[PDB]
Amino acid sequence: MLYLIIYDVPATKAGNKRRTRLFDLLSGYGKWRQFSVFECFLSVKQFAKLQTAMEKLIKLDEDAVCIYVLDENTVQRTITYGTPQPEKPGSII
Amino acid sequence: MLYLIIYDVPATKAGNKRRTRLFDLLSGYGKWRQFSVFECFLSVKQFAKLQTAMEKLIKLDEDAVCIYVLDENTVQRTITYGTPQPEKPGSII
Amino acid sequence: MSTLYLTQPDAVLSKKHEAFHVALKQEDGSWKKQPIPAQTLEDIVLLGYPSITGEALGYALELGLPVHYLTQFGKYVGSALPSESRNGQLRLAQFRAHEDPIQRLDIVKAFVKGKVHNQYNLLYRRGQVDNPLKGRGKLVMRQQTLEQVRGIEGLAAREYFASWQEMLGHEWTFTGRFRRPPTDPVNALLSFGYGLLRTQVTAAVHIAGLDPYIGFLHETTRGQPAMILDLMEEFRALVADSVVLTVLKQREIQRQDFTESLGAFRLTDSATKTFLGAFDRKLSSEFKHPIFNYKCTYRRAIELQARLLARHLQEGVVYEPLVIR
Amino acid sequence: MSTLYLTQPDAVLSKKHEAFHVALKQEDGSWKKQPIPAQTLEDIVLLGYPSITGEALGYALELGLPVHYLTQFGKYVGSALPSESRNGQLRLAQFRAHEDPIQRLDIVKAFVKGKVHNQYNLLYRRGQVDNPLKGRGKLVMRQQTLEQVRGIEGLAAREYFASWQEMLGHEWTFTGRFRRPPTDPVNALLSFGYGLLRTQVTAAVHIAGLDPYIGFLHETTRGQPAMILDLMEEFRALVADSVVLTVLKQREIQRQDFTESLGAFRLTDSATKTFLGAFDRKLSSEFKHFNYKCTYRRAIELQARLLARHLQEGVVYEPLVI
Amino acid sequence: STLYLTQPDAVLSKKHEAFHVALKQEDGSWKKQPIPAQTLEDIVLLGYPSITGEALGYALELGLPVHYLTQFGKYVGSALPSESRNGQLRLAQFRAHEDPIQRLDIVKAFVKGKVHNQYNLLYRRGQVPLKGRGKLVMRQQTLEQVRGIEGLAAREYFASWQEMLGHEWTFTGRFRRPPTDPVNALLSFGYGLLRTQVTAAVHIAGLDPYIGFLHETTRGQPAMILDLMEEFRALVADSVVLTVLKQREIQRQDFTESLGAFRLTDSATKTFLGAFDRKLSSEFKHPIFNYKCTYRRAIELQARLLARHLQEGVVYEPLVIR
Amino acid sequence: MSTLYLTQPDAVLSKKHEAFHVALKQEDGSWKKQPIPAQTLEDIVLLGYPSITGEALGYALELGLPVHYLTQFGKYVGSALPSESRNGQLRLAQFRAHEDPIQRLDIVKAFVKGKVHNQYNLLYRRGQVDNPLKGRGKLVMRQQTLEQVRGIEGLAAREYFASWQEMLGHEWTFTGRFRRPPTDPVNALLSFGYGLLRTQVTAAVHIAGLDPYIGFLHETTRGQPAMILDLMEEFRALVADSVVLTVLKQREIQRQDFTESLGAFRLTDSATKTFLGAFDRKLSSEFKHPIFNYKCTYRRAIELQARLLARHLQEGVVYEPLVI
DNA sequence: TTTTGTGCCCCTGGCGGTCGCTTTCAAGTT
DNA sequence: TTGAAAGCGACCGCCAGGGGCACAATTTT
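Those sequence lines, one after another, are chains A, B, C, D, E and F. Sequential numbering of the first sequence, starting at 1, is according to the UniProt record's numbering. Sequential numbering of the second sequence, starting at 1, is according to the UniProt record's numbering. Sequential numbering of the third sequence, starting at 1, is according to the UniProt record's numbering. Mapping of the fourth sequence onto the UniProt record's numbering: residues 1 to 289, 292 to 324, in sequence order. Mapping of the fifth sequence onto the UniProt record's numbering: residues 2 to 129, 132 to 325, in sequence order. Sequential numbering of the sixth sequence, starting at 1, is according to the UniProt record's numbering.
Think of the hints as simulated: they come from the structure by calculation, not from any bench. One or more of the hints may lead you astray.
Unchecked claim - Incomplete in silico selection of chain B near chain A, CB under 10 Å:
{"id": "1", "residue": "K59"}
{"id": "2", "residue": "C66"}
{"id": "3", "residue": "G82"}
{"id": "4", "residue": "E87"}
To be verified - Partial selection, computed: residues in chain A whose CB lies under 7 Å from chain C:
{"id": "5", "residue": "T20"}
{"id": "6", "residue": "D24"}
{"id": "7", "residue": "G28"}
{"id": "8", "residue": "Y29"}
{"id": "9", "residue": "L42"}
{"id": "10", "residue": "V44"}
{"id": "11", "residue": "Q46"}
{"id": "12", "residue": "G90"}
{"id": "13", "residue": "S91"}
{"id": "14", "residue": "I92"}
{"id": "15", "residue": "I93"}
The beta carbon of each residue, even a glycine, is placed where N, CA and C say it ideally should be.
Model the full structure from these sequences, guided by the hints.
So, in C-alpha cells, the structure goes:
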C-alpha cells in the first residue's frame, strides 16, 4: 500500500505549470525524496481521490510518469546510503 | 530481483563527475526511464558486482540515493501513462 | 493513523491548492515555511492557540477532519467539527431513554462495571496485592439508583488514588486529585491527558451522530457534555492513566516541570513533545480486543464503542464495556 | 446583549491585553481599528474568510463563546465550539417538545401562520387579490390537530401558485409547483432558490446549537433536516418568491435558461452569477415589524435564537411578517 | 538475455563498464544507442560489423562468448573467454575415442535421442516409419553400419515433410552448404546459428570440440559438437521453422538473387530470431525432472552430464520428447 | 609461408575485393599503406588494440584463419577461431604422446636439454664457471626414465642457484629459489618474472590450438598449464635470469623493494613500471647466432617453438630447443 | 503603526545529459 | 577520407524557491 511515484516533464510554460502544480499536490498526499520523486504511503480510497486527479489533467503526448506499488516485506529491503528509509508516524510539533 | 535505483546529486564539478560516470555505469547494468532513474532487472551476483562499485565510489556526506526491490507480482501492478511498461528481453537490432 | 500536533503559538496554516504550509521561523528568515499534507490525516490538536487561515480550515472539513483546541497546559477548551450525522431516530432514543432511569441505570452499571474493573485489573498489572476493589466492582449491581452510585465512583476513585504514591515511588508526591488548578504537577499531567482525551472521544460521538450534551451520568444541567464524559470515564484509567505510569518509569522523572505565579506546576516545552510520542505510541497499540480476536487499536475502540452504543439503542444489543486483566 | 459579526475577508482579529481588537481596511482606507469588550457577547460570526488570531480563540474558548465560519454569502462550513455550553437544555426542550404535541402543535401553527400571511401579504405587495384579504390566518391557530393542517399548506400553495399565471404574464408559463425535476424553467428557480435558503438556515441552526435533523413539522426521515425546512417555510414566500418576481420583470429570459437537453432545465453560468446580484442585494435590507434594524440575513439568526428561548425559556415564537 | 546484431556498418565501442553501438542513419549519419553489459551471457553477429579490440577484453572478463555468422546464417567461428582447466576430463574424452567399444556404446545413445525425437515429433506434428528404425540401432555392432543409418533416417526424415507442410513449398532434396531451396537455406541458417549455444556449453564443461564420437575428427571439424548438435538439430531448428511457417514468413521474402542462392530480407531475419528465443524462452517438464530447465539450459546440462559419464561414469540418457 | 603481426594500436584492416589493405598511422603522416595478399597467411596476430573491420573476419573465417588479440606487451585476452581448423589431429598427437611415454620422454629430455645448456651458456655469457662449458647436456639424452631426470632438474637448479651470490655481489643476498611467498627480494622477481614469461607463453599455446592444461613433464592437476610450464623451462634461464642481472648492475635496489612487511619483499609500483623497460627491450633481439634465421625476436621466437612443436605432433617433426 | 488563497511572469540557482575537446595506452601476487 | 579508451571543460532540457500582482458568492429534492 506504499505508493511511490515519479514525474519527469518538460520546461514548457504549458507543462512547467503542470510540474510545479503537481509538486503542490504530492506534498499534499505524500512526502518528498527527490526532484522528480515522491514517496506516498497511504490507504486505498485516498488513491482514487488522487488517481482521479492526474488522469484528469495530463497531456500524455508530452508527459511521462511511472508508478510503483510497495508492500512492507517489499519495503524493508530498500537499502539506502545518503538518505533515511521511509516511515510514516503521527507528526508532532 | 527488479532493482530500481535513483540518484539526485549536486552540480559540483567534483560530484558531476561522480554523477555523469554513474549515468555511464547504470546503462551498463540496466535501462533508463527518467533522468535520475534506471530500471535494472538482474540476478544477485550481478548485484555485488555493482553494489561493491558504489560503496567504493560515493561521498554520502554530500550525496543522496534510494533503492527499491521489486518482485514480479508487485511489478504487474505498476502503472504508467506517458511511458511504456517494463521488460527485460533478449536484444535484437 | 498519522495524527498532527501543534505546540508553537507563532505557526500559521495556509492552503496551497491541495495542502498545508506551516511558517515557524518568525522573522529570523522567511518564517521557515514547511509544507504538509492533509489527505493522509484523520485528526488535529492545537495547544498554543496558533493562527490559522480560515480559507484553509474549510478545506479540512471537506475532508472529514476534526479540529481540536487546547492550552499549553493541556486542558480541553473546545473543538471545531466537520459535517455531522443525520440520524435523529438515534438521538431520540438517546433521549427517550434518558428520562426513563430504569434504562439509564441498567446502562451506567455497565460503564462503571467496565471502569472500576479496568482499575483493579490495572493495579494487578502494576503489582498491587489487594486494593480491595472487585467487591466494589460487583457492588454496583446491588444498587438501584443513581445517587447511590455517583458517591461510589468517587469512592473507588479515592480508593484508586490512595494506592498511587506506593505504586510510583519516592520521587513524586500524590495523595489525591484536585479539580483545582494542578496544585500538584502530576495532576497537571492528568489535566493534560484527561484534557486532550476528549479529542478522540469528542470525534467518535460525531461519527455515531450522538449528541454529546445528553448523557447518563453527568446530568446535562451544568452545561457540560455527558455522552463524552460518560464514555470518557471508561478510558481515563487505562490509556491516559496507564500512559503516565509508562513514562514516569523511564522518562521525565523531574527537571522538566515549571512552577510560576501560582505554584501552578506547568510543564516545560520539548518535554511536551516527548509526552505525545507515547500517546500516539499508545494509540498505535493492538491488545487484540479481549472480547473477540478483533485486534483493534485503542484509537479505533472508541469509534467502535460509540457505534456499538447506538446499536444498543436502535437494535437492542448488549454493551459489554472494555475490561482488561 | 449584542453579538459579533464580520463581513470583510480583509479583517484581522487580535486580542490586546484582555480585550479584542478588530482591524479593518477598505476602499480608499487602511487599518481602521476599533477596540472591543467581552461580557456583552454570547456568539461570534465570521462571514468571509478573514485571518484571525489564535490567541483570540483561547480567550473566547476559555470563556464560553462559540465561533462560526461562513462565506460572504452565508453558507455554513464549520464552527468552533467550547467545552461549556447551555445547549443541553436546548436539545432537551427541542426533544421534550417533539414528544409533547401540544408544544409541537402550538409551534407548527406559527410557522404556517408566518408563511401564508407573507404570501397573501406578498400578492398585496404585487397587488393581485387587492383584498383587505384577512389572509385566512386565524383559521390556522384555531385548529385541534396536525393532519387538518398539513393538508392546508397544500391548499394555500395551490391557491398561491395558481395566482401567478395572471401575475407573471405570457412571457413565461406557470400552472403549479414541480419540484425536482421541474422541466419548467420557473419551477427550477424555486427548486433552486428554496435550495439556496437552506444554506443561511443551515447556518442559523448551528449557531443555536440545535439539531437540524430533529424537527416538529417535517417528519424526520432520510436524515432530512426538518428543523431547517420547518423554518424555511416562513421565508419561501418572502425571499425566493419576491426575488424571482423582482428579476423576472427586468432581465432573465429563456435565452439564459437552457432548454430541454435530456430532462433538466439548468441555467447558463452567466445567469447563475446574475441571480445572486438581486439575491444578496435583498439580504442587505429590511426595516422591522416594533421599529428595529435588521437585514433579512440577520432576521433569521434571531428566529432561531428566539426558538431556543421558546424552548429553553418558554418564550413565544411570533414569526416574521412583511 | 541475449544480443543480436545484423548490420555490417555498425561499430561497437566500450564505455567505462558498458557498450555503445553506433548506427549510421544518414540524418546525422551516426547514432550511438547505449547498451548494457552484466546482464548478457551470449552474443551473435550476423553481418561482419566492426568491433573494438578493447571491448572484448571487457566482454571476456565476464564470461561472454562472441559468435560470428553471415547474412545467410552459416556458422564460421567464435571467440571464447577464459578456458576450462580440467585436463583429466579431456583425456577420458580421448581415452574413449580410440576405444571404439566405448565410442560405440555412446553413439547408439545420441541416435536413440535423435530418432525418437523425430517420430515423437511427426506425431507432435501429426503423422506416422521410424520407431522400427529407431531402437534398430542397438541391433548393430559397428560404426560404419550406423553412420549410413542416420543418412537413411534423415532421407526418410526429410521426404516425409511435404505431406505435413502443404502445397506452398517444395522439398525433394537438400544440400548442406548450397541453399538450392530457402528452407535448405534456413538449415544452414539454423544449423549454423545452433552451434552458437553448443559451441559454448563445451567451453563450460571444458571439453575439446575437435574430438567427437560419431564425426571422426580427421576432417578439421569439431565433432564433439556435431556429435552433440544432432540431438538438438531436430528439436529447436526443425520445430521452430515449422511453427513460424504457420502464418509467419511464408513468401514475399527470400530473394532469389544469385541463381542457386535464396537469401532473406531484412526485418524477416529480425523476425526469424524472435521464435528462436521463443524456443529458448520455453520451458518443459523434462520427463525425468518433470518440471524445469528451459531448452537453452538443457544443452549446458547435457555437456556437464556428459563429462560425468566420463569422469564419474553415470549414464547419458539423451533428450527425448513425446 | 608467413603470418601477420601487428604491434601498433593505430592499424585498421580493410578488404579490397579479395585481399587485405593495411592502413598504418605511423607518426609523421600516414606512412606504410602496404596492402597484403592471402595464400601466404594461415594465422593472424593483433598485439595492441587496433581497430578492425568485421568485413575482414567474415572474409578471414570462411577459410580457416585464427585471429588473436593481445596487449602491446603480448598478454593474451582472446582469439577468434573458425569452424574448419585442423587442430583435432593436433590434440590427438598432443594426447597420443601423453600416453606414449617414449614420445613424452623423447620430448621432456629436450625441454631440459634446452634449459640446462642455456645455463652454462649463460654462465659463459655471465662469466662464472669457466672457459669451454659443455656440461651435463648430452648427459641427459643418455638417460631412459623420468625420475632419473626430474632429480636432474632439481640437481642443476640447486647447482645453478648457489653460484649466484658470487655473481650478484654484496648489495643483495640469495640462498636458493623460493616460491611464494618470496623470502628474498630477488626470488620475488623470478616468481614475478616467471609470471611475465607465462603471459607471452600463455599466448603461444592458444595460437597452436594446444590445450595448455595438457603437458608432458608437469603432471596435470590443479588446473595447472603443463603444456606451458614445459616451455617456460627452456626460457627461465635466458629471459627471466638475463633481465634480472641486466638491471641489477644499473637499477633497482633495496630503495624500492618493500622492507619485510609480513615477511615478504614486494616491489614499489615505481619499480614495477621500470622493470619492464629492459624486459620488453629484450623482446626486440635474437640474431639467432646460428644464421638459421636472422629475423626473430625473443617474443616471437616462442610462437615458433610452439608451432614447431605442433608439427612435431602433426607432421612428426623434431623439436630442437632454443639455445643462446 | 498592519497583510487572506490563486496563477502568471522573470529570474537566480541547485540538477541532468549530450556534444566536442587534449592525453593516455602496455602488469602476477608460483 | 585516418585507429580507443577514459578525462575535462562548455551548451540546452529538468528541477525548486523566491518575489510581485491580478483575483474573491453556488443546489439541483
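Now for the hints, and whether the structure bears them out:
1. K59: Holds - the Cβ of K59 (chain B) comes within 10 Å of chain A, reaching about 9 Å at its closest.
2. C66: 5 Å, holds
3. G82: 4 Å, holds
4. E87: 13 Å, violated
5. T20: 10 Å, violated
6. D24: 5 Å, holds
7. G28: 3 Å, holds
8. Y29: It holds, given that the least Cβ distance between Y29 (chain A) and chain C is near 5 Å, below 7 Å.
9. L42: Hint holds; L42 (chain A) Cβ to chain C Cβ min 5 Å, cut 7 Å.
10. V44: 12 Å, violated
11. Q46: 6 Å, holds
12. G90: 4 Å, holds
13. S91: 5 Å, holds
14. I92: This hint holds: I92 (chain A) lies near chain C, its Cβ roughly 4 Å from the closest one there, short of 7 Å.
15. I93: Since chain C brings a Cβ to about 5 Å from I93 (chain A), closer than 7 Å, the hint holds.
Of the numbered hints stated above, those contradicted by the structure are hints 4, 5, 10, listed in ascending order.
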